[PDB]
Amino acid sequence: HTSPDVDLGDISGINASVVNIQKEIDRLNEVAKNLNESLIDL
Amino acid sequence: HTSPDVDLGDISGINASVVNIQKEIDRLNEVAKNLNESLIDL
Amino acid sequence: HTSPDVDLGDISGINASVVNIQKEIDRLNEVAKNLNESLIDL
Amino acid sequence: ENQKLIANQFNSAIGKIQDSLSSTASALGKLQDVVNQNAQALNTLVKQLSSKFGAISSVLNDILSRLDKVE
Amino acid sequence: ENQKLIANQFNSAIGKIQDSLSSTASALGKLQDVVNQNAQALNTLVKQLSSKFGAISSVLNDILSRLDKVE
Amino acid sequence: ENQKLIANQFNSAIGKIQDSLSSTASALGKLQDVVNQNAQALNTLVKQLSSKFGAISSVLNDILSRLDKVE
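Protein sequence lines correspond, in order, to chains D, F, E, C, A and B.
Position in the first sequence (first residue = 1) + 1158 = PDB author numbering.
Position in the second sequence (first residue = 1) + 1158 = PDB author numbering.
Position in the third sequence (first residue = 1) + 1158 = PDB author numbering.
Position in the fourth sequence (first residue = 1) + 917 = PDB author numbering.
Position in the fifth sequence (first residue = 1) + 917 = PDB author numbering.
Position in the sixth sequence (first residue = 1) + 917 = PDB author numbering.
It should be emphasised that the hints constitute simulated quantities derived from the structure, not laboratory data.
Where hints are given, some of them may not hold.
Within a straight-line C-alpha distance of at most 27 Å, the following computed BS3-like cross-link-like pairs (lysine-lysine) qualify [as the list claims (entries may be wrong)]:
hint	chain 1	residue 1	chain 2	residue 2
1	A	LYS947	C	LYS947
2	E	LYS1191	B	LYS933
3	E	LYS1191	E	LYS1181
4	A	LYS933	F	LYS1181
5	D	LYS1191	B	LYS921
6	A	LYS921	A	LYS933
7	F	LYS1181	F	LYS1191
8	A	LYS933	E	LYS1181
9	B	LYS947	B	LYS933
10	C	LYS986	C	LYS969
11	B	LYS947	F	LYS1181
12	B	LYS933	B	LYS921
13	D	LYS1181	E	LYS1181
14	C	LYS933	A	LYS933
15	D	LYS1191	D	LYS1181
Extracted from the complex, chain D is given alone in its bound form:
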């Protein structure tokens, strides 16, 4: 008898990262707004 403790374990080392491109989106919107200071007014 004396069956061993059958431990299945754990899903270790599995984890998803996270995008942080807020700086780039802010830069894109800032450039889209600043391009109004590049229009030609003869």
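Place chains F, E, C, A and B on chain D using the hints.
This is chains F, E, C, A and B only, laid out in the frame that chain D set:
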């Protein structure tokens, strides 16, 4: 005796969203095609 | 008696794809570098 | 003369920006396809996992019940 | 005259590129939101799965132990 | 004079668009890295889950078999 019904349950509240940026891709392609109407022909 | 082999099975047909937009990122950086050959020098 | 220069370099820049916008559109399309596919994959995984754990629970209660019958 | 032409078509091009950059910003924002949401979903799935398999293991050892008690 | 104006503002616009394209390239690169990493994570999760459910099934059949031996 009379072991209780050991219900493990369900993975509730877990669900992945879906990107719908088809409008933005269509706008990008439309602009890439409409920029031909902005070329300078002296 | 003779309980049947209760096989749970396997999570078949589940698999995640992989983005390969390295060509497009390389094109974007190449254009960002080649736009220096489009600056006007009167 | 400088007008031909401004026009030609503006046309070059607009062509390069057209190429860049087409590349960005293709990249966003591929990213959308893959993100939606991985989302559908995660969803079908959670569904099939719900079913699998349901079956596991079921055979578990069968085990406990027939054990209680033994005891 | 050609100066009005160059200016007007440059302003048209800059407006179209402003629209394209705003569209790219919106698309990247939506993609970021959805990728982060699916990442949080996968993380909570792995956590809840760890807990669920813990419970499964626990009832399993209870089963084996009381079986050994039977035997 | 207006030629210096057109040239200078075109150069400003091209610099800003260069910055925007570099930002879009960096954003798409980060998004690609994270989407591929989450894809690899989901794949290794489905693999490790297949193995874990295999082990669970195995101990389950051992349980049922030695139970039938008891009965």
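Within 27 Å, alpha carbon to alpha carbon, are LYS947(B) and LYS1181(F)?
Status holds; Cα separation ~22 Å.
Does the structure keep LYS947(A) and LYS947(C) at a Cα separation of 27 Å or less?
holds, 14 Å
Hey, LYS947(B) versus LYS933(B), does the alpha-carbon distance stay inside 27 Å?
It holds: about 21 Å lies between the C-alpha atoms, which stays within 27 Å.
For the pair we were handed, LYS1191(E) and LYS1181(E), check the Cα-Cα distance against 27 Å.
holds, 15 Å
For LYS986(C) and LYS969(C), compute the direct alpha-carbon distance and say whether it is at most 27 Å.
Distance ~26 Å between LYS986(C) and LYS969(C) Cα, so the pair holds.
Just to be careful, I want the Cα atoms of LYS933(A) and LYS1181(E) compared with a cutoff of 27 Å; is the pair within it?
holds, 25 Å
Would the hint linking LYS1191(D) and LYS1181(D) be met if the CA-CA limit is 27 Å?
holds, 15 Å
Agreement of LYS933(A) and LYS1181(F) with the hint, judged by alpha carbon distance not exceeding 27 Å:
holds, 16 Å
Between the alpha carbons of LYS933(B) and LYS921(B), is the straight-line distance 27 Å or under?
Holds, at about 18 Å.
27 Å Cα cutoff - pair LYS921(A), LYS933(A):
holds, 18 Å
Sort out whether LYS933(B) lies within 27 Å of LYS1191(E), counting only the CA atoms.
holds, 13 Å
Starting from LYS1181(F), check that the Cα of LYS1191(F) is at most 27 Å away, please.
holds, 15 Å
Of the hints listed earlier, there is not a single one the structure fails to meet.
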